[PDB]
Structure formats: C-alpha cells, structure tokens
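Below, in structure tokens: the form deposited in one PDB entry, a single chain.
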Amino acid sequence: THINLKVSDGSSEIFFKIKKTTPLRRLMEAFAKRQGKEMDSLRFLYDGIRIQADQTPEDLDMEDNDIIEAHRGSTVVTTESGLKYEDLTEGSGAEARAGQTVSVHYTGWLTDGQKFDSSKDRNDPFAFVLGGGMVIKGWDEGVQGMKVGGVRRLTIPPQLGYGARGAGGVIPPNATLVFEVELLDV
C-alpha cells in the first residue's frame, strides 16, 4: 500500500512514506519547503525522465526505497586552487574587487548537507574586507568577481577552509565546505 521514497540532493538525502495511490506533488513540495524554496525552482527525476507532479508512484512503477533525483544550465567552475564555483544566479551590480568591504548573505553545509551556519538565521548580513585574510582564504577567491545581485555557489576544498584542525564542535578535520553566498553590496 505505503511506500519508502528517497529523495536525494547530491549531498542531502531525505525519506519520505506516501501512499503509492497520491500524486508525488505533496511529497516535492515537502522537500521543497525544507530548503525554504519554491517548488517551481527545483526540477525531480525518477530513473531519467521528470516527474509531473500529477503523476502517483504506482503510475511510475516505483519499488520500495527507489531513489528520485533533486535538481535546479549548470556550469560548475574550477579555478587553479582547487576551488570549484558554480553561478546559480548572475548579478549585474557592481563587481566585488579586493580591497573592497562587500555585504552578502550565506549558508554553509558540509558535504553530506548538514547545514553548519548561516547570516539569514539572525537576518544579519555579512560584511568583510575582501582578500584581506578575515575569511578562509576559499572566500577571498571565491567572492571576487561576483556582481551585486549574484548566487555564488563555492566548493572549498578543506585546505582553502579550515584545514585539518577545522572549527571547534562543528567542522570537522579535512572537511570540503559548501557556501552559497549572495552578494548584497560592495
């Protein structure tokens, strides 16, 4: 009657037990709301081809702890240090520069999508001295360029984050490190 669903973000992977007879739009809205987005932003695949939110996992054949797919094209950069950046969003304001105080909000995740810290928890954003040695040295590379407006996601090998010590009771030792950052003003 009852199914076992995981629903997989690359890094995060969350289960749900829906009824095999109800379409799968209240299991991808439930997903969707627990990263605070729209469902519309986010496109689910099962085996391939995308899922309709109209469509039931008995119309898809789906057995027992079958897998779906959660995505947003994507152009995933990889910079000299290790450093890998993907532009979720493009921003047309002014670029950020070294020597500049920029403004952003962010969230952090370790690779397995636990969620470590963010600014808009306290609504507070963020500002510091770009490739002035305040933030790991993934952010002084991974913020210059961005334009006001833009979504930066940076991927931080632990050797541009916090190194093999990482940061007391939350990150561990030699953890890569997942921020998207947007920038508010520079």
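Numbering follows the first chain given and starts at 1. Take the two forms, superpose them, and find the largest set of C-alpha atoms that agree within 1.5 Å; that set is the rigid core. Compared with the form deposited in another entry:
In a core superposition between these two forms, the Cα of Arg43 is the only one among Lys120, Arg153, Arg43, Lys137 shifting by 2 Å or more. Residue displacement note: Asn174 has its CA displaced by under 2 Å between these two forms (rigid core superposed).
Relative to the superposed core, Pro23 undergoes a Cα shift of 2 Å or more between these two forms.
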Contents of the next structure:
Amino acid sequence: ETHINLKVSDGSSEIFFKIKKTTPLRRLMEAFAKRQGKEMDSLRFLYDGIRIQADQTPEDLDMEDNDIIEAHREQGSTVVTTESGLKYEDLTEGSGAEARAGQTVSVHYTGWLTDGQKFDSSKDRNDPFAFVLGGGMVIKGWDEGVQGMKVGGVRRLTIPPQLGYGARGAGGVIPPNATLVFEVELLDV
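Same protein, different condition: the form deposited in one PDB entry was shown, now please give the form deposited in another entry.
The following holds one chain only.
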C-alpha cells in the first residue's frame, strides 16, 4: 500500500523504519541519526551502493519492502584481520594519546552478538570502563584490539570466540562459541 518497511544497518545492529513511499528519506535519516546521538552531516546512507540524498523518496529510488539501507560513519573503510583472527575497523581515528600495553585506558563500549542483539554497554550505566591494556583482565580480543587506538578514536572489534568467551560463553547472555562485536571509544590513556 502507501507505506514501506526499510531496514537500516550500521554494521553492528539493524532497526526498521516504516514510512510513506512518498515521504522524503530525510525523516528516516534524521530519526536514525537522532537515535544514535549523531549529527546528520557525520552519516552517509547508501542504497544499492549509491548514496541516498535526503530529498529522495523510496518511490524515487524504487525501493521495495524490507530493502536495506547502510549507514556509514567513516571517511574508504578498511577492516583489518590480524594474525590472531581478530578483526578491527577504525570508525573514527583519534588524535590524542596512543594506547599501548601496560597503560590504564578508559573507554566507553557497546557489545553485540553478531545477530545484532546488544549484550552490554558502559553507556547504559553512564559509567566509563577502564582496564590495564595487555593486563589479562579482559578477553583477549580487547587486550589486542584496543592497542594502537588514540584518544578520541572509535574502533569496531569483531572478536572470534577463541579471543572472547570461547566454547563456554558467559553467564546468561553470551552463548557458546559466540563471535562478539564491540564498538570501543577511547576516552583517556
């Protein structure tokens, strides 16, 4: 009928929007940006690999129900896979001091399963998280993945289970053999 359901993915989670096919996608982009506490200028929305302009409507773009829009936060994106199998991507490259093994770094983070279900966030507690980098106090993917970040940076870590909670998983919310996705913002080193 008159309306269309669109999925918007940012590489970490996915949420749906229902809008009129004749409504300009600006409102969707605004609702997505305001939800993630981000400025509209800082986001790029892509459909069929082509960047969406806010004046364009789903009808203009011949969108179908349950089509996917990608929201990107970075400058060409680069996903690095290290020798351990850890994957990381700098969404924002910081410009302050560099985090190295042995330093106590303070961060905000959100963690999701690879299906998009959030399992924890320091932002939910309104409380930054600090740890000794390389100190064996966090999962291996974090001791490796946070090194090299600079203050002000946001880095997305994709952690295979052997660098996370392994075959066992953790508690009630981390399943066995789970790959973990974290977005980590370095606040202080």
